[PDB]
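Take a look at this single chain, the form solved without this ligand, given in structure tokens.
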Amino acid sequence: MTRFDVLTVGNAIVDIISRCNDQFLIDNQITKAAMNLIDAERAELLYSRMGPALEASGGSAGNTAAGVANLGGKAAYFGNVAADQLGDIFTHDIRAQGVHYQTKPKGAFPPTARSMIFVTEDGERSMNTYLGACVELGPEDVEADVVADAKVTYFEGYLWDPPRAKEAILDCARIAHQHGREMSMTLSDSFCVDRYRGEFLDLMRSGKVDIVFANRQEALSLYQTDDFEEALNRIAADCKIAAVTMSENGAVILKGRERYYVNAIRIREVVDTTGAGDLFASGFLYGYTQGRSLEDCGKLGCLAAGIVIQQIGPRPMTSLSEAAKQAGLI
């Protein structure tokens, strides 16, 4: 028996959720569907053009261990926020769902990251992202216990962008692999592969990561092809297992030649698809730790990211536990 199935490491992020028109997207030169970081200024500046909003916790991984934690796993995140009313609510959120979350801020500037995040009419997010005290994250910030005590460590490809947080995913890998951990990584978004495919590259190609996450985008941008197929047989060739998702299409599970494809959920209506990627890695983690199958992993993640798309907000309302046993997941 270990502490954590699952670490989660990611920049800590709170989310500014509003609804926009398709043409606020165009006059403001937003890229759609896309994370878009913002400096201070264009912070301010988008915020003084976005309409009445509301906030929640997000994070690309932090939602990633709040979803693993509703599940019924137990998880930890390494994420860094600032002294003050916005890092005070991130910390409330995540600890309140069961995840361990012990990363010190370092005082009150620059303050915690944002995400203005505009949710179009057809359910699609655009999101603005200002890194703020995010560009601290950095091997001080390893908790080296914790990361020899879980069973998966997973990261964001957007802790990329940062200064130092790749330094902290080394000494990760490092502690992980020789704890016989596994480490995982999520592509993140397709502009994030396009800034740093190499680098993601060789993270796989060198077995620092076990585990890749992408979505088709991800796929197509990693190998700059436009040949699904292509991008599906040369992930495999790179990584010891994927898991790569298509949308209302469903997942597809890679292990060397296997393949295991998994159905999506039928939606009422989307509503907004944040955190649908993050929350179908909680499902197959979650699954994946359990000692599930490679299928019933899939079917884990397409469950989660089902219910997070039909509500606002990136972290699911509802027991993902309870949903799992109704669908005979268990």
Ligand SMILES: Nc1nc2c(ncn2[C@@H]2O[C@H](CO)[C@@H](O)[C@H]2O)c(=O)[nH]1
Second form
There are 2 protein chains.
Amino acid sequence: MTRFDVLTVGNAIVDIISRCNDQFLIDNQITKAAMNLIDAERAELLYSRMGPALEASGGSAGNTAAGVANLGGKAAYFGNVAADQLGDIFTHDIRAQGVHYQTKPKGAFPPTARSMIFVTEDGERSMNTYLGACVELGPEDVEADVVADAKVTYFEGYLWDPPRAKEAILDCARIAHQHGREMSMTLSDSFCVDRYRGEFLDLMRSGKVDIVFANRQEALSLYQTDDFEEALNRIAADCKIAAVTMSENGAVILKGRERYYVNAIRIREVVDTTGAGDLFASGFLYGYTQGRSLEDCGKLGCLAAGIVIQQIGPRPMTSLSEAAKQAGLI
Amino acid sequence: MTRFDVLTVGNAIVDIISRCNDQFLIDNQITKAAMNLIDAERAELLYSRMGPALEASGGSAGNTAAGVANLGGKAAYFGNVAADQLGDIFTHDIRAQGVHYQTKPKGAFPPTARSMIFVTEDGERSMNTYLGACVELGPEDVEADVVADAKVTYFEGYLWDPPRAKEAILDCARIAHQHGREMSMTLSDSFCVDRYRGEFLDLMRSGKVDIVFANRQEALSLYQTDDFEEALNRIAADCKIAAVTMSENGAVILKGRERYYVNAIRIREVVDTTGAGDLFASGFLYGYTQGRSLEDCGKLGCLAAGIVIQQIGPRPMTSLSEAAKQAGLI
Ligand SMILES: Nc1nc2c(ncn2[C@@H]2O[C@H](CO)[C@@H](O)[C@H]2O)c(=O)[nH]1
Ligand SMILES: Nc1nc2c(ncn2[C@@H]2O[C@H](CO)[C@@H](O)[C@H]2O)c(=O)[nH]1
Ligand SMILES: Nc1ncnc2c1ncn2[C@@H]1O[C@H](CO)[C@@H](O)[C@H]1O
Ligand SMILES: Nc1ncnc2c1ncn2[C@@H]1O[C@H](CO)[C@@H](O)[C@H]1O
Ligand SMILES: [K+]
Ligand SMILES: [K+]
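Next up, the form solved in complex with this ligand, please; the one we just looked at was the form solved without this ligand.
Up next: the whole complex, starting with the chain shown before.
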């Protein structure tokens, strides 16, 4: 038996969420639909301009782990919070979902990471992230037994921003592959890809990463192209399996020359897109670690993603396993 | 001119919200639909049993103040938080809505009040409140100039639980009436009324309170009767104006022998009832301080209340002023 289906590793963040008008993003020089890194001064400034908000546990990989647990898989998470109230919220929410979470805070300062997420009328989300205690995630936080006992270890491209997190991930790759497990990553954000393009390609080409998640813009950014067909051909050559999402156009799963196209589900309304890619990964990796076909993995991904975008909060509040049963994906 | 239309005074609380099944309340001996006071140990215990949650600024009077500001009225708030992250959230949210909020934290312990609110499938809400820093609210927190400059000062029956808050309220009553202003209270909760029945009646009969808010169960509790008609007659005899809500059956406003019935909004599906009474008071008091008819104050209350129960979070995230305009209440 394997202790865990999916271990995820990422920046442990609490989301601070508010709806804004289109002009707010322009006035504050916030890049729409992107992850904008901010310092403590800028965090204070933006918060002062933000309307009344709601808080919810976030973090890309955090959300993915939670989604796997929701669907019925066995999940674990590495990510560093502070010993403060926001850290306690994060710890509570992930553990309450039944995700193994044991990363120890190193003190109260720097404080727990937070992201101010501004949701526009079109449902797009623009994130402004102070990493705080995330900068302290390092090799000391790798629970080697957990990596050793997880079918897939999945990590964020976002981890290349803090200083020592990459060293943890290299340790995870070694342990995972020594124990016959698979490694996976998400490209996270097109500007993140702009920052770490060479490093990400090296991860794939050296075989440190076996399965890659991207959206259209991230794939385009990875190869600095406007040609989506080129991006697909190249990503298929650079990694064993690629899952590429295309928003309302669903997704395509690539393996060698194999291509499997999957439709997006029908939705009532795009309330808030926060978590879409994270939950696509949840559904895909749940399917994958249950031995499902790549097409069915895609379908599970699109189902979870479609559900999360119809609510406020990056982690579905409803039962994904029940939704999967109803959709006949079981 | 007057600086403020409505000053509210209450327990400053951050809500921690989760959906639960019916059995959870029974298993945990939580009184359904009520405010259950808890100590620090019980707070830890219930949190350990709670699922993934969302946080949102709460506090009955805090919600009411926010609602008045949302509608376009000029509002202020007294309530005590701690110098901690939850306190910072509370401070941000109320000030961001444009409510005057200047109450200074006294330290980091006790920490900021929180309430674990469990919402059942029927949309009912069952609150479990650790008062924390609320126990420190006292006469030293009365901004005398603010009370002097507010058309109405409104406070929670809930304030009779912490030890010294009542002293602040009596100071408010004196200043308000010395400056020709009006005093208002909500009965808050039927068990709260059970606890402080004699004191509440004394506040009304002595003329310290001019305008009283109750729901059906609170009014019944106040006179320990099963006869709602008796309750209406008696409450009208005990205070100058009474606003009595009847859930789906709308509301009735009483002044001496005058009675004005108002219809509730027909609701598609009740999402979460948290804040219904608070926002009824927002609509009523906004109308009242704009010189509107008692019936129209009722209509405004029912409009705001109907909006808040169709969302997660006790403070409407949409424009109440715009809804009031569409409704011809303006
Ligand atoms: N139906 C629909 N699905 C979306 C939309 N945006 C994102 N998604 C889903 O979320 C995933 C990641 O963006 C996509 O593969 C889709 O499955 C949308 O606008 N409509
Ligand atoms: N339509 C409707 N309104 C409600 C309900 N519960 C509370 N409210 C509104 O909120 C106020 C306080 O409960 C009432 O006067 C109602 O207008 C409900 O179930 N249906
Ligand atoms: N730098 C970051 N690293 C990891 N996750 C992030 C970052 N910024 C925002 N997020 C998370 O992205 C999620 C949506 O994909 C949000 O829940 C938010 O917490
Ligand atoms: N003891 C209390 N005093 C004042 N407000 C409270 C108390 N317990 C819960 N609340 C608030 O009641 C609101 C709903 O009316 C919630 O937002 C919650 O924060
Ligand atoms: K969402
Ligand atoms: K609500």
